[PDB]
Amino acid sequence: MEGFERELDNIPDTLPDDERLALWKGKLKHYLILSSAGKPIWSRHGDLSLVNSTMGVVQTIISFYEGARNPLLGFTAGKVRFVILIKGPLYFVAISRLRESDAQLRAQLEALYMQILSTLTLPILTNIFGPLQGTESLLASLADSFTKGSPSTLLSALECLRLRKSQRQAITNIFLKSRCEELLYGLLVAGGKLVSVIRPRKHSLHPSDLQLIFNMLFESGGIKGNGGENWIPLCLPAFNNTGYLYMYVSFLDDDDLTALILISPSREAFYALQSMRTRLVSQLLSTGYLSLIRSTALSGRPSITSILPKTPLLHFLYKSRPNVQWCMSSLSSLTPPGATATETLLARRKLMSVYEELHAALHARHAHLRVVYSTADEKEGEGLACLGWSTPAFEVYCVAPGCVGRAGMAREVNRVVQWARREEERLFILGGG
Amino acid sequence: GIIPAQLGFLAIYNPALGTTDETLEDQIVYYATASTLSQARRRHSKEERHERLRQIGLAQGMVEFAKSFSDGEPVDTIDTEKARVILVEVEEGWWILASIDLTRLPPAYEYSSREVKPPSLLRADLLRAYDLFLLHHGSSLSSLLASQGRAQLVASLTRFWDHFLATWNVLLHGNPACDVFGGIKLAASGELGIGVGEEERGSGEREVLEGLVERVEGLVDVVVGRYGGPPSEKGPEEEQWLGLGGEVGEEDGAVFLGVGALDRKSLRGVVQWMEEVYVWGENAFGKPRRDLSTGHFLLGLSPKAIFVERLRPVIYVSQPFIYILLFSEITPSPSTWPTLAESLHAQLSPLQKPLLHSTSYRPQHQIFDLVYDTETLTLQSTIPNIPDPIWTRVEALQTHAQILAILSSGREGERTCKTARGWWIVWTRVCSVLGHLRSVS
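Chain order of the listed sequences is A and C. Numbered according to PDB author numbering, the first sequence spans residues 195 to 323, 333 to 457, 485 to 663. Numbered according to PDB author numbering, the second sequence spans residues 11 to 54, 94 to 155, 181 to 359, 460 to 476, 490 to 496, 530 to 583, 599 to 624, 646 to 667, 683 to 701, 727 to 737.
Note that these hints are calculated values from the structure, not bench results. Incorrect hints may have been included.
Stretches of chain C that chain A covers, calculated by requiring three or more beta carbons in the stretch to come under 8 Å of a beta carbon on chain A [unchecked claim]: (1) 234-243; (2) 655-665.
Derived CB-CB ranges, DEER-like [stated by the list, open to error]: (3) A:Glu-304 x C:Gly-731: 55 to 61 Å; (4) A:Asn-553 x C:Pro-583: 50 to 56 Å; (5) A:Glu-304 x C:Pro-181: 20 to 26 Å.
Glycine included, every Cβ here is placed at the ideal spot set by N, Cα and C.
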């Protein structure tokens with residue numbers, strides 16, 4: 195809320211442990227990993243020395259409940275909320291001080307669990323129970348996004364970049380003619396936004412599988428701190444209880487960066503995949519699509535005023551229940567004069583903190599809300615009031631200025647869906663090839 | 011084979027009661043179980098003790114754990130899959146712990187909470203019963219311990235709490251929207267016409283009431299309420315007006331909220347206890463038994492008391541308009557009781573027929604509002620209650657679940688909702729007035 199700008203910074207680890215715990219004590223968000231025996235495995239904002247002393251209570255709490263045949267589900271206390279997730283020997287617990295519902299933390303903790311499973315397959319995941336040798340930085344940076352707001356994981360979808368149907372189709376075709384017999388499925392991404400998908404006839408790309416690839420590469424790891432071509436193993440929930448599936452990641456360069491994802495089920499396919507990229511870059515440069523991709527990726531997040539003329543809506547957000555994807559509008563439109571990183575960070579966090587209550591309101595326990603309206607009118611700052619709307623077929627979010635009312639949103643919400651419906655082919659992928 | 015969501019165990023403990031292991035066993039003051047409810051339900094082992102004391106041990110651990118994160122002292126709700134556990138601080142160190150066993154639905183073995191009473195109002199319900207309990211024993215529960223001693227509290231606490239939990243249906247029954255707030259129920263007429271100089275309807279009848287507290291000796295305040303209808307002259311003679319059932323919204327609201335000498339905080343209690351005699355006829359704490467000499471009377475000075496800092533109550537009963545005549549501690553002499561009973565039946569005789577039509581006064600397809608005022612605690616209500624097994649039973653489960661779901665979120684400020692079958696719930700705040733412009737179709 196107020197201390198968020200200094201919240202994202204890590205523990206200094208240069209001051210006595212007394213107030214060190216106090217610094218960890220009041221931070222907004224906390225994600226923890228503790229084993230069934232109660233030993234804490236991973237703590238994001240805290241060192242393992244800090245967590246174990248304080249977190250022994252949770253193990254004590256669950257120990258009684260597991261004995262009473264009651265796997266505990268979650269707490270709540272005033273502003274802060276405690277959520278417990280059970281997945282195998284590992285126990286997932288998250289502490290949230292923001293106005294986040296338990297369902298939001300369940301999704302956020304679920305993504306963290308998927309990362310552990312993606313590196314260690316299910317048969318070895320149970321038997322092995333540090334254990335997370337290379338996923339420490341992967342998990343630490345992933346929790347940074349959740350604190351920053353994560354419009355993707357909170358909504359459980361993927362972004363898209365604005366390319367026309369014909370242009371997108373041409374990329375898919377040139378991504379399919381250059382095919383080898385070891386592409387279980389491959390992806391092309393630019394700046395975190397999916398570009399094209401290639402699929403075989405029988406094997407299916409479960410939308411839950413995509414979130415594994417995007418979260419560990421384009422949101423948390425930054426393609427493992429660049430480094431060039433990387434060949435790393437992978438595990439997918441669809442292809443569970445199998446050996447580590449193999450995925451190829453490399454920058455497609457001669485944000486602005488564009489990366490290429492190819493996946494093979496065999497160890498000795500790296501050279502074929504490496505040769506696959508080499509022939510791909512030549513054809514993309516020959517046609518000029520790669521030069522087009524960087525321009526569109528750089529000028530992403532279209533301005534809402536350009537999308538809709540003379541519209542006071544500060545922001546937009548859209549989703550499609552079938553063919554799970556996700557759209558968005560401009561984000562740097564909060565204040566053009568603002569240039570320092572501190573106001574644009576709070577601009578984002580508050581912006582998703584406007585939607586953090588709305589998503590909880592729509593998704594309740596068999597409450598079946600359809601349209602939700604509110605008003606977070608500041609005492610002196612401004613009359614910033616939120617909006618909201620929904621459908622079993624799609625979801626829409628909105629934010630409006632001090633000029634408010636049902637007509638303050640229905641005058642536009644009924645046509646922002648039409649704009650998304652009009653621009654659905656150039657903003658959402660129905661399927662691969 | 012659906013198992014209803016019956017109450018599990020409910021405990022009353024003071025963490026500061028025992029600072030040693032030998033004294034830690036006695037932290038529990040009142041304990042309840044499904045087996046314990048069985049003995050009282052029909053009216054309306095060492096290892097077992099180990100589990101009782103052990104489970105509250107986590108609660109003191111839980112409150113201490115979360116107290117240090119957000120400065121928010123209580124872990125109000127503990128969420129599990131079998132038993133929804135709530136925790137409420139009633140008064141400065143006394144805690145009530147309840148465990149609502151979920152709706153067991155053996181899918182060979184499944185759980186649900188589609189109709190389980192949400193924890194947003196049990197805190198209001200438990201505080202209601204606790205405040206209702208404090209209306210019968212002492213001013214404050216903490217001061218009650220210092221007077222009667224630890225041993226005496228358990229007997230009195232068991233006597234009342236075993237009665238309440240014997241029929242505390244943990245389900246969406248009655249009017250949850252009104253139950254979330256404390257509030258004072260106001261009838262269709264609501265508060266009577268104030269002032270002298272206009273006739274209108276139900277205006278000059280306050281002067282006789284406001285004059286009643288003057289002529290009769292030692293009367294501090296009275297309250298009335300149209301729980302029942304006019305005297306039914308149908309086949310059956312009595313209609314058994316006091317008996318099983320539930321209070322009806324927009325009809326049961328108390329009227330003539332008071333005159334003075336009663337704080338608005340403790341004026342809620344007397345109305346709530348006055349609600350009990352109608353809802354639980356002849357079966358309330460104190461066991462009101464109607465007098466055969468004067469049929470239109472109940473209780474009567476002749490032990491029972493009400494603690495508002530100590531008014532001895534008497535109950536004057538017409539078929540509508542339950543009268544709660546609060547008499548002082550000493551000034552009414554119990555020896556001259558029969559003379560006052562005849563005068564009271566005569567003084568309040570001409571306030572039956574004129575008052576009946578007066579309270580019958582009333583002030599986008601269908602609209603139901605609800606006004607709650609913070610400083611005066613009045614609850615002008617219109618939302619209908621769930622009918623027993646204007647809507648159907650199944651619909652109002654969702655409507656009353658969503659109405660109080662958004663109340664917990666908020667606490683301009685305007686909010687709005689909708690549902691597939693068609694509703695429009697609007698919570699608006701402006727004196728702070730909470731208007732609930734709940735619409736439908």
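How the hints compare with the structure:
1. Here's how the region 234-243 of chain C fares: 0 of its residues keep a CB closer than 8 Å to some CB of chain A, so the rule of at least three is not met and the hint is violated.
2. Requiring three or more residues with a Cβ within less than 8 Å of a Cβ of chain A, the coverage given for the region 655-665 of chain C holds, as 5 such residues are present.
3. Under the hint 55 to 61 Å, the C-beta atoms of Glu-304 of chain A and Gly-731 of chain C, about 40 Å apart, miss the expected range.
4. As the Cβ distance of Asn-553 of chain A to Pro-583 of chain C is approximately 53 Å, the hint placing it in 50 to 56 Å holds.
5. Evaluation of the 20 to 26 Å hint for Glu-304 of chain A and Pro-181 of chain C yields a pass: the beta carbon distance comes to about 23 Å.
Consistency with the previously given hints fails for numbers 1, 3, ordered from lowest to highest.
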